[PDB]
Amino acid sequence: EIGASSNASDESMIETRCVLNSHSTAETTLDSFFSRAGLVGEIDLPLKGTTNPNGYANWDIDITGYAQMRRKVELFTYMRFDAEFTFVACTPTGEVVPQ
Amino acid sequence: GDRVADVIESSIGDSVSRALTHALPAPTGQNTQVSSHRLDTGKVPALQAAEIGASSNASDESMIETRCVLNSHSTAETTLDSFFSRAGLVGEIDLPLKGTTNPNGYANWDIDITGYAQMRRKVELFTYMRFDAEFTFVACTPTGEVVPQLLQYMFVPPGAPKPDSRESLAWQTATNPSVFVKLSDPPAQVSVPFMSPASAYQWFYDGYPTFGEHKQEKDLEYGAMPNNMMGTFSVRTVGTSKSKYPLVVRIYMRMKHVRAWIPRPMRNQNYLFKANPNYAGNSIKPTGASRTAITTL
Amino acid sequence: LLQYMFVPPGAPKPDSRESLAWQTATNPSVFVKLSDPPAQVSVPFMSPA
Amino acid sequence: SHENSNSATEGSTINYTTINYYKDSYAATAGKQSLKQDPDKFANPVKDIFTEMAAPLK
Amino acid sequence: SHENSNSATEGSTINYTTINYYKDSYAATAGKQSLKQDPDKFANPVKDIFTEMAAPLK
Amino acid sequence: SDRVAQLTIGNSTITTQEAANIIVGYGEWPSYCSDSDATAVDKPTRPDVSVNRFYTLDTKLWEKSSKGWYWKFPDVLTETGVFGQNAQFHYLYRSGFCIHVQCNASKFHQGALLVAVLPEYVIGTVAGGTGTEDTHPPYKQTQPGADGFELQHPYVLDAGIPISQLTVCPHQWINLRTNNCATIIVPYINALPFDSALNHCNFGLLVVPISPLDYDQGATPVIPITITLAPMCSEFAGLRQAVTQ
Amino acid sequence: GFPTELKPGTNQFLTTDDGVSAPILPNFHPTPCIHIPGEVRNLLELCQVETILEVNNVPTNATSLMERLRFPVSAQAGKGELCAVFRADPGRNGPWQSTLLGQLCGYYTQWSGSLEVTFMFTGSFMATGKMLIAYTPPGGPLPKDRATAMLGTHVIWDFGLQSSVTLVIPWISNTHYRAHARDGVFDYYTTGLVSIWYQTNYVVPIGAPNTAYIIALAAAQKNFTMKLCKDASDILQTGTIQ
Amino acid sequence: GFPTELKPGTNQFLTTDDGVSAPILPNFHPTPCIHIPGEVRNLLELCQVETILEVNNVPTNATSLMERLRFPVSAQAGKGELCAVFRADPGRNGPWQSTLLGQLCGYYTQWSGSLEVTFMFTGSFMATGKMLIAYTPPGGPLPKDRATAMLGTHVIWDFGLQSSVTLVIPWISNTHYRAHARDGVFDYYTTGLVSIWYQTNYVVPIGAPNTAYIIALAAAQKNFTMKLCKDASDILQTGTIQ
Amino acid sequence: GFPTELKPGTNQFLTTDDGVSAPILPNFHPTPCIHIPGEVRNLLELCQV
Amino acid sequence: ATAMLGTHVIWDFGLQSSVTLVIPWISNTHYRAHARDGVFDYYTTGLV
Ligand SMILES: Nc1ncnc2c1ncn2[C@@H]1O[C@H](COP(=O)(O)O)[C@@H](O)[C@H]1O
Ligand SMILES: CCCCCCCCCCCCC/C=C\[C@H](O)[C@H](N)CO
Ligand SMILES: CCCCCCCCCCCCC/C=C\[C@H](O)[C@H](N)CO
Ligand SMILES: [Cl-]
Ligand SMILES: [Cl-]
Ligand SMILES: [K+]
Ligand SMILES: [K+]
Ligand SMILES: [K+]
Ligand SMILES: [K+]
Ligand SMILES: [K+]
Ligand code: NA
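Residue numbers (the entry's author numbering), protein chains in the order written: chain A, 51 to 149; chain B, 1 to 297; chain C, 150 to 198; chain D, 12 to 69; chain E, 12 to 69; chain F, 10 to 254; chain G, 1 to 242; chain H, 1 to 242; chain I, 1 to 49; chain J, 147 to 194.
Bear in mind the hints are in silico, worked out from the structure with no lab data behind them. A few of these clues could be false.
To be verified - Restricting the straight-line Cα-Cα distance to at most 30 Å, the calculated cross-link-like pairs of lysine-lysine (DSS-like) are:
| id | chain 1 | residue 1 | chain 2 | residue 2 |
| --- | --- | --- | --- | --- |
| 1 | B | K43 | B | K162 |
| 2 | D | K43 | G | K7 |
| 3 | B | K285 | B | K98 |
| 4 | G | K144 | B | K215 |
| 5 | E | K34 | G | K7 |
| 6 | E | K47 | E | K58 |
| 7 | G | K130 | G | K222 |
| 8 | D | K58 | F | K69 |
| 9 | C | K182 | I | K7 |
| 10 | F | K116 | F | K52 |
| 11 | G | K7 | E | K52 |
| 12 | G | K79 | G | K144 |
| 13 | D | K58 | F | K149 |
| 14 | B | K43 | D | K69 |
| 15 | F | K116 | B | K285 |
| 16 | B | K242 | B | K98 |
| 17 | D | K69 | F | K149 |
| 18 | B | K244 | A | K98 |
| 19 | A | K122 | E | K52 |
| 20 | B | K98 | B | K43 |
| 21 | C | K162 | C | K182 |
| 22 | D | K58 | H | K79 |
| 23 | E | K52 | E | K69 |
Unchecked claim - Derived CB-CB ranges, DEER-like:
| id | chain 1 | residue 1 | chain 2 | residue 2 | range |
| --- | --- | --- | --- | --- | --- |
| 24 | B | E213 | A | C68 | 35 to 41 Å |
| 25 | A | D94 | B | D164 | 55 to 61 Å |
| 26 | A | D94 | B | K215 | 50 to 56 Å |
| 27 | G | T240 | C | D164 | 50 to 56 Å |
| 28 | B | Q33 | F | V91 | 52 to 58 Å |
| 29 | A | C68 | C | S196 | 55 to 61 Å |
| 30 | E | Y32 | B | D112 | 39 to 45 Å |
| 31 | C | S196 | B | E145 | 35 to 41 Å |
| 32 | A | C68 | B | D112 | 55 to 61 Å |
| 33 | H | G207 | F | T68 | 25 to 31 Å |
| 34 | H | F2 | A | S72 | 37 to 43 Å |
| 35 | B | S72 | D | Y32 | 14 to 20 Å |
| 36 | G | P26 | A | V138 | 24 to 30 Å |
All residues carry an ideal CB built from backbone N, CA and C; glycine is no exception.
Isolated chain A (complex conformation):
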């Protein structure tokens, strides 16, 4: 009811041996968890199309369109960071053209 988590430890609940734990906590830092590139936007530039048949496109920067990335950042209320953006372009078949 107090609102705190239990303070009981292994040592006080059972007879324990000595264990020298050298398991690292490094991979659970915020940079470790978040500094992995994920998809946050897709932009189509078709030829004969309903959407962008004019050869250009405007995308309002909002990364909440993809669930994997979104769920991760929404674990926190406020976040401050720098970012590295990578743009992967190709035809719809995954082809590379001299464009």
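Given chain A, put chains B, C, D, E, F, G, H, I and J with the ligands in place with the hints provided.
What follows is chains B, C, D, E, F, G, H, I and J with the ligands alone, placed relative to chain A:
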């Protein structure tokens, strides 16, 4: 507190592994010392007792009259890293167009390097091995041609969602590591750490992964070591429409920073299945060449 | 795309474009495209003499 | 440099000499191993060692 | 080097170790963070702390 | 003075007057698990004398045509004495072993047995003979218990590897004109500090005649091979109800 | 120019590569960072915070979802009856998925450490009782009776002023780390089972409810760590998000 | 940017190149390495361990394969008869292929060093005998009689309490290293021949077997080294491994 | 990555270029060099004969 | 197999013609009275 004598004087709990041998530096082959004739009783280097379990301790010097030879021949090429840090083929993945297997433009490969005999026979010389690795991915069409096609490779650890289509949401890859590369680029290459939950990978596990009755139907699980199961390697052509070209991805692995324990007899019968030592009972062959008589060459 | 492999005396010489020997788990091989610059490597003095 | 001790060989009784450009040590080259050997571990693991000159069983 | 203090983490109570080739620090790598933790902030934010041995409510 | 020996551990003593020294596997003696290698946090139980003692488990008859046998450790002991009970009540186990294989004959008999210890001795099958069927060995062949199991194809150790190279493992020979026993001490071998005594056999013991047994009509024809072994430095953890598998 | 030679890996885009990229706004300085309460530095900080464990993960209709958050106890027949059971595997499908620990766990391939479940009794002040909570390490099948359960790690809980009790699920593993357990060969990594039994009985006087509920809160101990960062098993979207 | 100029070799993938590659899991720390017995550091450690030499490499039917592991001796006519012969070339097809030394040897193009073969007599205690084991350096044809064999390096073995004897095949070569010998011009690298003769006779009293076997164990001396790492002559697979 | 810019000459193979190339056999040590009579160091030595 | 669970000696015939089996004092009481069939079997030493 301890008061009865047997408790005070006991060795229960000694954590120090008493070792009878130790390593010496040996950068070159041993030299030969000058020796002469010995006409003696009592001294008998040539006579051994193999029953003991040790190899003969007799040397050149004691069996013939030798000269002095300063041997500077190096032992460097026989280190574990020298022997193993050479990239070899460990996997092939097909991505055909009109096909029976992967006609959907993606493929999932369970990471297991026991599908190719050259590499397999080498690592199976030891029971446990711990190492880091460099993986290289060589992609092309079946004719060895290079085409302007973009691919995505993703490492899917156990528990992460395996993609089920070229358009799976899993390709968002927000946490798993993925490599995006063109066939026109040089082969992709990355470094991989030692990932087992155990201190080493083990090519042999004499046991079962779970408790229970080990009835005939769950006998395919004998020898299965989850500690060696690192996950899946997934590849896809990056598009919403089928690729215009059939592809092949060959995976090469180069081990580095290697440690190995418990050497064992080397495989002498053809391999038949991945991670399982079955051999063809009807075709058991000798380890090597044979001859007609023991008194003839 | 081509594969060049050095086969020392005693190693199995490939007998086809699909020979198992191309697994090259120990021999040194070079994988290179014709479109790339010429492949180039250093070789040591290898004679038993 | 100032990297992580990620290598599969961290804590090895033989020291290596490698090259690296990343923060993770397992990304490093194989380098040069140290040339120590212990044949006896496999070739002569007897409790009471016997000499070359003696009769092994007495 | 002699760059600008542009990083999103300038003024952080934990120091990072990064690589950069540009005059703007935010261009730098993620580097290595410092390994400090404060579980109590979330797991035990009580005004009057109680021991492990005691009865929490007395 | 190397031919004579006494092995005393627990309430058991073994003597031999035709020994050939003692092999200590991989050059190291069994030891308890250190606080740095350990990972499980409960205080272990180390029963000592009640479990680290010699148990004589089986006798096989060496015949002029025998192919050889194998036993799996700790499987051979999981149902015997206080050791067995501990192995059943605890999830975790670890220990070394002193193995003493006995076989005597006469100064007129002859033959030689290879006695070796092979870690992670995974058994293979003949794959339907043709090698097209991916069969697997049954539980009774992988964990044969105290009775052990006879090798079908000794030349390849029923696993596609050459018995000619088995000497790369800790071993001794029982060559009748020379000795009547083999003694091998084995430390705990595994890639984990502790493991299940039930699900995993750390090594196998192989006793294989390489030079066939022989003698003239009239000499005692029954030549037994008896297996005696003692756990060393046994430790158990992860206590719950007893389980046999 | 200076002689260079390109190596494999050239031109590839590895999503986890920690490189340097050209900055788009030269000489740009960000808004200063004021003080904001609640900064977190490591996910492990969150894993030590207890969240509600849905031991009662059976009701599925929208109107009864809240019932998953608590399970009951009531007067019995004094035969040491079973109250509830659940697997202790934190990253396996089941009760733990309701916890933040379980969810965070989903972003890591391997974990290691002790766990703890604190049970809070929410019956009336006049209700008394003693329960036996047991943890059965790997290999032990679901205990058939209290006598069998009692042979493993356990706590005998007495209801009183202190509403709660903590059961520690100590790290007892053969390996230093466990991968996520699931049916099949990966059951090799199972943590074991937790079972709750009536030690005596739930007793109440005239005038007090015959049934009460227990709420379970779970978290990790300070020796808990995770490794091999991966994507979670769930992707919370069906079609494109608009 | 900094002026560079690409050189030949650019973009190639050399399988033996010892380079640096981007790490896929940043800040990942591996499971600690506990102590495991039997660590090996150099293949040469293994080459010094004796394994069984199949001098009797003639039987080929599955049921007789075990007979290759030993060869016999029995009472003769006292004419210094020949017991067995074999080439001493360790990396050549023949008896040595049964040994671990021979197999390891297959991964190297060149070798250098002395070898040793230890013969263990497994007859009965009452059997006695003297054998002459000879090593004939290059150029000497297979000895026709014991008198010719006797002119080379040899050991005269007396059966007794010490069951075994060691024949050292000293390194006697024109070159510092030998490549693997085989029929043809590479016979230039042949090591020579080993032949075993009856020096006196196998003698036994009434009541003991007239035939007994000898087991041969072979390994390398401490001056042995190998160089020029290569793939083995055998590839143990026929079709794809499934 | 570190900012570079390719210059003319890039990718060319000049037969007399004295460069560095990847070694094919790591940790390989050659057969020692014994003493051999008649070593020559400069062609000019021969021009005087 | 059952006998083997108690105190024992494994004897090997050879030059030393004899072997000694020690029957160690393992009793609940400091002294035993003479054992015989009946309640005095309480003082029995055991079996060889
Ligand atoms: N097993 C071996 N292999 C190669 N060289 C060795 C070996 N043992 C000893 N040496 C060399 O011989 C010297 C030691 O000779 P010793 O003191 O008689 O053991 C050292 O300087 C080593 O370089
Ligand atoms: C030359 C092209 C450079 C591309 C420039 C990309 C700038 C992106 C800035 C990162 C902004 C972080 C995301 C911010 C807000 C969220 O997406 C949503 N608005 C939340 O409502
Ligand atoms: C971006 C793609 C990266 C590719 C990731 C590759 C990870 C491979 C880890 C190396 C694992 C070593 C082999 C382990 C076990 C054996 O193959 C078999 N399971 C033995 O049963
Ligand atoms: Cl789990
Ligand atoms: Cl050869
Ligand atoms: K610590
Ligand atoms: K030397
Ligand atoms: K960049
Ligand atoms: K690279
Ligand atoms: K070059
Ligand atoms: Na000797």
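Is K98 (chain B) close enough to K43 (chain B), meaning Cα to Cα at most 30 Å?
-> violated, 78 Å
When you check the alpha-carbon spacing of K116 (chain F) and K52 (chain F), does it fall within 30 Å?
-> violated, 53 Å
Does the Cβ-Cβ separation between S72 (chain B) and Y32 (chain D) fall within 14 to 20 Å?
-> Since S72 (chain B) and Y32 (chain D) have Cβ atoms about 35 Å apart, the given range 14 to 20 Å is violated.
Would you mind confirming whether the straight-line C-alpha gap from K122 (chain A) to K52 (chain E) stays at or under 30 Å?
-> Satisfied, since the Cα-Cα distance of roughly 21 Å is no more than 30 Å.
Holds or violated: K182 (chain C) with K7 (chain I), Cα cutoff 30 Å?
-> holds, 22 Å
Can the restraint linking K130 (chain G) and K222 (chain G) be considered satisfied, given a maximum Cα separation of 30 Å?
-> The hint holds at about 28 Å.
Does the alpha-carbon distance linking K58 (chain D) and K69 (chain F) stay inside the 30 Å limit?
-> Cα-Cα ~28 Å, so holds.
Within 30 Å, alpha carbon to alpha carbon, are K162 (chain C) and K182 (chain C)?
-> Satisfied, since the Cα-Cα distance of roughly 22 Å is no more than 30 Å.
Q33 (chain B) and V91 (chain F), beta-carbon distance inside 52 to 58 Å?
-> Taking Cβ atoms as reference, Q33 (chain B) and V91 (chain F) lie about 56 Å apart, which means the hint holds.
30 Å Cα cutoff - pair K116 (chain F), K285 (chain B) | violated, 37 Å
Starting from the range 50 to 56 Å, see whether the pair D94 (chain A) and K215 (chain B) falls in it by beta-carbon distance.
-> Holds, since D94 (chain A) and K215 (chain B) (Cβ atoms, about 55 Å apart) stay within the stated range.
Compare the distance between the alpha carbons of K144 (chain G) and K215 (chain B) with 30 Å, and conclude whether the hinted pair is satisfied.
-> holds, 23 Å
Of the numbered hints given earlier, the model fails hints 1, 3, 10, 11, 13, 15, 17, 20, 22, 25, 32 and 35; all others are met.
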